[PDB]
Amino acid sequence: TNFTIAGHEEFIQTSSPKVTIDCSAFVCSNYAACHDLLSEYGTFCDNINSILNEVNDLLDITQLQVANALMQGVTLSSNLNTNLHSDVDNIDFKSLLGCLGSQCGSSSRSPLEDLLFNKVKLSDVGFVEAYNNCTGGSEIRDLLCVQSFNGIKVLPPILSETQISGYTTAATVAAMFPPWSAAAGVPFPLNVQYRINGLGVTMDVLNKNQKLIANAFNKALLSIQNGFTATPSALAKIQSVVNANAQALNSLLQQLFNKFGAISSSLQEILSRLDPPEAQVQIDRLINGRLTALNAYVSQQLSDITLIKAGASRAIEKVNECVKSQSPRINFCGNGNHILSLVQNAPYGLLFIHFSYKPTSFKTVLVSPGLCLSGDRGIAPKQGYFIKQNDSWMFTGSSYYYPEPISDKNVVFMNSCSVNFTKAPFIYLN
Amino acid sequence: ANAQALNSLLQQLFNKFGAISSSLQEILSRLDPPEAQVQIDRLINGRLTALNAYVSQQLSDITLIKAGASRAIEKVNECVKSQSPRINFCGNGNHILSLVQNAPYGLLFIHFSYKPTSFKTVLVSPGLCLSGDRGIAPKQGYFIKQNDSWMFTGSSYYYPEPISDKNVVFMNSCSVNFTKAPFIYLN
Amino acid sequence: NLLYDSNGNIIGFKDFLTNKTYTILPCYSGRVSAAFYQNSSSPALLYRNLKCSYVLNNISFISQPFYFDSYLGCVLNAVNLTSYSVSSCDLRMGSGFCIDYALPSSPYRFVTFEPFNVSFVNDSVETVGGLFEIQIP
Ligand SMILES: *[C@@H]1O[C@H](CO)[C@@H](O)[C@H](O)[C@H]1NC(C)=O
Ligand SMILES: *[C@@H]1O[C@H](CO)[C@@H](O)[C@H](O)[C@H]1NC(C)=O
Ligand SMILES: *[C@@H]1O[C@H](CO)[C@@H](O)[C@H](O)[C@H]1NC(C)=O
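Protein chains in written order, with the authors' numbering: chain A, 792 to 1221; chain B, 1035 to 1221; chain C, 646 to 749, 759 to 791.
In short, the hints are calculated from the structure, not lab data.
Treat each hint with caution, since some may be false.
Said to hold, decoys possible - DSS-like cross-link-like pairs, simulated, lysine-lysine; straight-line CA separation at most 30 Å: (1) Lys1100/B / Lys1002/A; (2) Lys1010/A / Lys1100/A; (3) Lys999/A / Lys1214/B; (4) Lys999/A / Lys1173/B; (5) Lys1173/B / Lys1109/A; (6) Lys1173/A / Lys1173/B; (7) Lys885/A / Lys1200/A; (8) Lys999/A / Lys1200/B; (9) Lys1100/B / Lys1109/A; (10) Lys1200/A / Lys910/A; (11) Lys1050/B / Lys1200/A; (12) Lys1050/B / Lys999/A; (13) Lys809/A / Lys1100/B; (14) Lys999/A / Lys885/A; (15) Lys910/A / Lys696/C; (16) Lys1050/B / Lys1050/A; (17) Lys1200/A / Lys1200/B; (18) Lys912/A / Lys696/C; (19) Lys696/C / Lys1050/A; (20) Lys1173/B / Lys1002/A; (21) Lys1002/A / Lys1179/B; (22) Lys1100/B / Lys1100/A; (23) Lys1200/B / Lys1173/A; (24) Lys1100/A / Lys1050/B; (25) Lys1100/B / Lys1028/A; (26) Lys1100/A / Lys1179/B; (27) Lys696/C / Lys809/A; (28) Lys1050/B / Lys1109/A; (29) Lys1200/A / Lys1149/B.
In isolation and in its complexed conformation, chain A is listed as follows:
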């Protein structure tokens, strides 16, 4: 009998830190006697670098495909500024829009994306800052500088997060103002009313509750923005990915302190205590151990990049068929009563804002699945039920209780009625 609007958030991992390893510097950093034996293999480091380059190329292709899916078939107006935006039919979109024309220049994200990126340190710019703060004495024992001094460094993606934020802002604006490219040319309130009516709600209560829908949307946006202050299930995934990457990097770096059966794990003592003829065996054992570790690492990276490819394909599908258009598939974008979905920029992925139809109060009403009218003809409802009010059969919606007269727009005609249909010869085609 009464309903509201609920909002939900969802994060899907799309990108990944592009890790590049200098095999020669990782094994034989500053020792010529080590290089004289590492060149006796060569192809190990060659194949490691080749696999890393292939993974980086796959990541770049994935990012390009995501950008293409975000910026596919978008048409905006030239006279569209930030000041003359962020409000449509009493619905505020200030926390979801940025600036893409006659407006801000260098990197400037929306408040929601700002709150998202402020909770994550190792972002696309965090690695760059930590790498450029190595020279100067800012940090004493920073782990990233130590990894960089051993040939392990992370490269930034080919597209910065500013371009992704701009694409997301453009895709969001494409559904708020004419010509409504993201809504197939349908205005926002009319599209929302159509999506709500598609669930079995009459149009009268939707036309008489124009302000309630806007109030519910604003309340849902405010609730999401307030809940993002804490650590929900969506924000924890980015932290888990960052922690897993850091743990993998630390486990790879700790391989330089193992002896692998040698007298010491450091080449300084081996070269300052024994002769090269007595040190070649230890150097070869250390090289074999480090090469085995690097092979295990690149295999794990291949598995991870395959999983990330699958996740990014899923994310691209959801962006194409839940955000830019309304797909007639149930339980795909939301949970049964899906209405609208929005996209936002997130570290190493995207953020989805799903709006659903949530009732508040119910009512026990006796319904009928069909009536046998006069003349031996069948009548069955279309996404509704037949209710009897004051000894008269009426019609009501499946998702909302609203009696209305029976017409040709809600029933189907049959030349024969079922035996399990209630006999009602007193009612005719009104």
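Got chain A; can you put chains B and C with the ligands on it based on the hints?
Relative to chain A, chains B and C with the ligands alone:
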């Protein structure tokens, strides 16, 4: 890519792996078995490690290929042999039909799409408020006012036509933002 | 008199002749990215996360007249043309930047990378007397 993988796998056979040479002929013709055992064992270990890396890369590649082939099978089932109401799946929104052709190590898809050539600027309304607290809304189109008369036109082609029952929806009430027009007696 | 780390490394000591305390840190070590064109005579150099002054005073010992500070690092043998944009590149350096080669100053151009754009229309945004302006084919 396949050729480069095969080339690398073949060139891996010319590495010494710390031995005196990369060929077994010279090792067997120069040294005795008690001294060639270690060299042969190191070569065998290196070649086995290379083969393990190669088969792991092949497993990853065949996983990716199976994923792509599943995507292709879904696309063939939902775009070529049938018309799906899914938007932005078989094309760019204006997709009409698709055809499949045999291709080396894959398939070739031929997609036909709707592409306009000319445009013109008109004034439209999201809805109209009829007389008697009645409201109407266009279905896959807009409302245009031509010669002091409200008409209907499509969203992908400009072709005015009179308002009918199959083109609009009927409501028991009209919104406040709908333009009032009580002269539309087209019930 | 010696400060050790959890892994057994020397990170500090105390001198005996002067009773002073110091701290030992490893010296800098890194790589260099070379963007080389097909028929070029010299590639472009990029020292990621390094200033041009530090490279010229500690690393670079070769006379290089072309140098400027960028977001990624010190770029050598290239000009600063970030105001120009392109739609496709073969040498992507990162963070939305690219290096373009001009057929014959340095023949390399350091520009931005914008692979996707949005179409614009001259229609209005607000209601023109209660009606919207939509272009119909
Ligand atoms: C309805 O169908 C059930 C089983 O199909 C049957 O047992 C029952 O008698 C039917 N009711 C009427 C009124 O025909
Ligand atoms: C350093 O300290 C020791 C111990 O107190 C002392 O014997 C010595 O004279 C000191 N050296 C100097 C140069 O002050
Ligand atoms: C927009 O992108 C397309 C596709 O990459 C490109 O062909 C076109 O030149 C771009 N437009 C501008 C103004 O760069």
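Against the earlier hints, flag every one the structure doesn't satisfy and list their numbers going up.
1, 2, 7, 10, 11, 12, 19, 24, 26, 28 and 29
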